[PDB]
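A.B. asks: Chain L is fixed; fit chains A, X, E and D onto it per the hints.
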Amino acid sequence: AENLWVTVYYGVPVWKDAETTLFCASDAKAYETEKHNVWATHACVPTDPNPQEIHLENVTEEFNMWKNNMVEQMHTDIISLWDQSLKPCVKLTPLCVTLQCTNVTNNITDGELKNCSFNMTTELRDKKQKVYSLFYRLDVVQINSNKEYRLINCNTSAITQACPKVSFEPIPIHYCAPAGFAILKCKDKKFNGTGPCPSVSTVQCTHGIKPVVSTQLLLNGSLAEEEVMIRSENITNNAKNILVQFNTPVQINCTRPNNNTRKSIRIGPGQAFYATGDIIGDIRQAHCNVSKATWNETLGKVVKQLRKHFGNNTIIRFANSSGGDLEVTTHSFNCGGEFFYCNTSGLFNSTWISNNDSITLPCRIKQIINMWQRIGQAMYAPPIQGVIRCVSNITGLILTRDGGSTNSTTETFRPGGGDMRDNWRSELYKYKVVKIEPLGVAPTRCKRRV
Amino acid sequence: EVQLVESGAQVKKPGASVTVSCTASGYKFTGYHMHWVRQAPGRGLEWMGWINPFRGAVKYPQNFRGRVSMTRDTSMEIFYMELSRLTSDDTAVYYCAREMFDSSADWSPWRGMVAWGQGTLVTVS
Amino acid sequence: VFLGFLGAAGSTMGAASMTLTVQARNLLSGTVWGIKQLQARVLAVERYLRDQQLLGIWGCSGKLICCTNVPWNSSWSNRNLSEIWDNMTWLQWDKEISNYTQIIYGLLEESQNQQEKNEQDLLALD
Amino acid sequence: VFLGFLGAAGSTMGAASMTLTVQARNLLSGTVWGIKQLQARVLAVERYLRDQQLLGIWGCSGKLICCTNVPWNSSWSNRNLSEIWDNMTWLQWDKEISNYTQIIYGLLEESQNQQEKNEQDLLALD
Amino acid sequence: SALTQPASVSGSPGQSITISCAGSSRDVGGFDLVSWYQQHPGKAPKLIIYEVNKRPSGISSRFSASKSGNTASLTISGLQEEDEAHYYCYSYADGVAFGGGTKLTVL
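Protein sequence lines, in the order shown, are assigned to chains L, A, X, E and D. Numbering follows the working numbering, in which position 245 of the first sequence is assigned residue number 245; successive positions increment by one, without gaps. Numbering follows the working numbering, in which position 44 of the second sequence is assigned residue number 44; successive positions increment by one, without gaps. Numbering follows the working numbering, in which position 114 of the third sequence is assigned residue number 114; successive positions increment by one, without gaps. Numbering follows the working numbering, in which position 107 of the fourth sequence is assigned residue number 107; successive positions increment by one, without gaps. Numbering follows the working numbering, in which position 1 of the fifth sequence is assigned residue number 1; successive positions increment by one, without gaps.
So that you can see chain L by itself, here it is in the shape it has in the complex:
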């Protein structure tokens, strides 16, 4: 009549957070790019033909990017798959033989590269081979008359060249969840990260995210909505990595106007080293043209998202990076297979107050990189034949602030930070892993039998 009992239901809308293993899915088509392991697509499940979305009526739910422990899972996953695209290719520790160098076969107009001859063990163990290559000033180092050099990993590490078959363009992947877990998605547009969301939504898997190797500029990513949302885990500690999400994208049409020669060298048997041959005649430099007009408008798209952080009438300043490595002072991103570190000196430079052309960004080039900060494991990128070009939508920024400077006069803002679990997290902000608890108790007036 009133003595309420316990009643058992199943399939309830209840959850708590818990970390466990997610897994991959990258279409039924990306498994057909060949090239021997483009990233990780191997036995991953193909992706469903139609992904739909559900908006949770009345749900007010907490979201974050910081202690969202998928920010650690994805970095550890992208780390060990890098070896799997490497271990059946060509290692090159004997390339620590000395090269006799000189400024290149040029008509001056300068060098930054050299014409370096050296001896090497070929297919036959007894036969030695004469061959010279061309390297950038970052791939080698002089050791302590003309100048002679060594490869740069030699005073620290071993090194392995990847297969030139393996291509390296960012290809999308969906992150997955099985029977018991899911991934949340707060469909707020004006979303400053912290708090319950008014119209919480959900997804079973994420959208398509590309693991773009980039510091400073985010590329091939995801846009913002309404106002260019400014995001950060912590805006007070100037040691933290701050991530901006653009709304209006910018065209980067990078170019390496040097028809490059790929000289394959036999030093195996079977294996091969890939040297740099002649560049045809004229001598030009790798840049990265950027629409001057698009930058100036997008500056206001975020600077007017800074007057909402200090003053309805105020002032904002910029200056180039405070210093450090190329990965924190220069926009690094993959272009062709070789790498481009682009000069951020000429961008962070203006001064804001109250009431058709293009600049270009100088870019250095690197082929041997010690990425992941693994002292012991450097690599060599087999050079790209021909002129290199890469169009992409500019998407975000990894940057820092200064300290107090003069308290509230204004503040200088520079690029830096770098860390690779926060380049990833620039595309992990709107998700959080949850464990689903399906059993639910209620008190209804019914009771069972004996």
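It is possible that part of the hints are untrue.
[To be verified] List of simulated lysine to any residue pairs, SDA-like, C-alpha gap at most 20 Å:
(1) X:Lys36 / L:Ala18
(2) L:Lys127 / L:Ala272
(3) X:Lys63 / E:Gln52
(4) X:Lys36 / E:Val42
(5) L:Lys447 / X:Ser61
(6) L:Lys366 / L:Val141
(7) L:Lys366 / A:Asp73
(8) X:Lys63 / L:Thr444
(9) X:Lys95 / L:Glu437
(10) X:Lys95 / L:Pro438
[Unchecked claim] With the C-beta cut set under 8 Å, the calculated list includes, among others, these residues of chain X facing chain E:
(11) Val42
(12) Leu43
(13) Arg47
(14) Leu49
(15) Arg50
(16) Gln53
(17) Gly56
(18) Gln114
(19) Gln115
(20) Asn118
(21) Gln120
(22) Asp121
(23) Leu123
Note that these hints are calculated values from the structure, not bench results. Backbone N, C-alpha and C define an ideal beta-carbon position, used for all residues, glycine too.
C.D. replies: Below, chains A, X, E and D alone, put in the same frame as chain L:
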């Protein structure tokens, strides 16, 4: 054990610069923020700057921008540091110092001075 | 009306416990890298079969919604049937049961069906 | 009396059909070296599933107690009921079935529920 | 430095001491990020307390300080001749400012 090996006395002259070292030999380099700290003979100390050794994110107070240039060597594991526009007041010793909560994934802070070196004494006229 | 999956989270308990035959359809259906999905599905059925046993080692035997003969003790957020069952949402009702759901099932197999289905035995052997 | 999991391993079968549920808890209990546990919890369901399928086809469906309709044809270990349920434990009597436990079950699933679930739609066509 | 620390403090073995550390509406009174240090005369300096009052693993719990309102202070219980040293105050403020310093000695 760990250590912060510092250079011996490196006396230098005004209008120039000087190099002071903190060799690392026992702990993880990249993930551990490190500060340079200055101590004058019998006076108050000045916080100089710091670095994010993972690719070297350095910062200064506006006090010395244009003067100071500060960095490290990744695989040789050490901190160099220089301060330009020397004046005789700069006669002092120096100390490298680390922060508390450092790791791999989730960061913070900017505090908790634990580490100190050997006191590299330079002298300026 | 066949809306979708779990729209009734900030909605009432009955409208939630309405579609008792929707959420149980797509959960099984039918080198390295091929291992992270492999370690996900075998720990996604050990827990599922832990449930398949519990609906059998009690008296329910079948599947879906079974009621119980347990004191919903008054300390557990007592409103009327109509202020709990005919009023609240699993966003606003599950916010009140959580802190003491561990005491309810310190019994759901202990002093009942363990001794209860054995009361069936000392009976049906003499 | 409640003396824990497997606490009644060798007492009278009447006192041994008590704890039928505690032994129904740890049949599911929830690079390399992770292989050491992934191939272990795989064999937890294997000790459960074998009985989930057997009891399901039978008149058991659910677990715990389950009567069956098989005559213990006296050619088997014919004994007094007191010489089964009163003077023996689980071990002392599952010893006796072993001579014929490979014969008892050409019936429970093969002669009972093969035929006693097809007169449920020659009868149920009314 | 930006925190006024007094001139001197001296005593007899066994006593205890208090040292004030005052700023304005910005420094010690503005923020809860302070810390105090010890310098025995001529080696590597050492931290004793961080953040108002939380000791790090190892410091003998005769030392304890705090931050109240605007004037940070400290207290060392049962002075030994081991405690005869120089002492400071830290406080992250905008960047980092400091306390002037105060030495403890044996009378």
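A.B. asks: If a hint holds in the structure, say so; if it doesn't, say that too.
C.D. replies: Verification of the hints:
1. X:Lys36 / L:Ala18: Holds, at about 17 Å.
2. L:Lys127 / L:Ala272: Given pair L:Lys127, L:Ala272 holds - Cα atoms ~16 Å apart, limit 20 Å.
3. X:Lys63 / E:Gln52: holds, 14 Å
4. X:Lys36 / E:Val42: holds, 15 Å
5. L:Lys447 / X:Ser61: holds, 16 Å
6. L:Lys366 / L:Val141: holds, 13 Å
7. L:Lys366 / A:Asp73: holds, 18 Å
8. X:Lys63 / L:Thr444: Holds. X:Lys63 to L:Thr444 sits at ~19 Å (cutoff 20 Å).
9. X:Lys95 / L:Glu437: Within the cut-off at roughly 14 Å; holds.
10. X:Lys95 / L:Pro438: holds, 15 Å
11. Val42: With Cβ-Cβ at 6 Å, under 8 Å, it holds.
12. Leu43: Since chain E brings a Cβ to about 7 Å from X:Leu43, closer than 8 Å, the hint holds.
13. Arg47: holds, 7 Å
14. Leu49: holds, 5 Å
15. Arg50: holds, 4 Å
16. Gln53: Because about 6 Å separates X:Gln53 from the closest Cβ in chain E, which is inside the 8 Å limit, the hint holds.
17. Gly56: holds, 3 Å
18. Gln114: holds, 4 Å
19. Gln115: holds, 7 Å
20. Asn118: The hint holds - X:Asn118 has a Cβ within 8 Å of chain E, the shortest such distance being about 5 Å.
21. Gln120: Holds, because the Cβ-Cβ distance from X:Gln120 to chain E comes to roughly 5 Å (cut-off 8 Å).
22. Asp121: holds, 5 Å
23. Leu123: violated, 10 Å
Of the hints listed earlier, the one the structure fails to meet is number 23.
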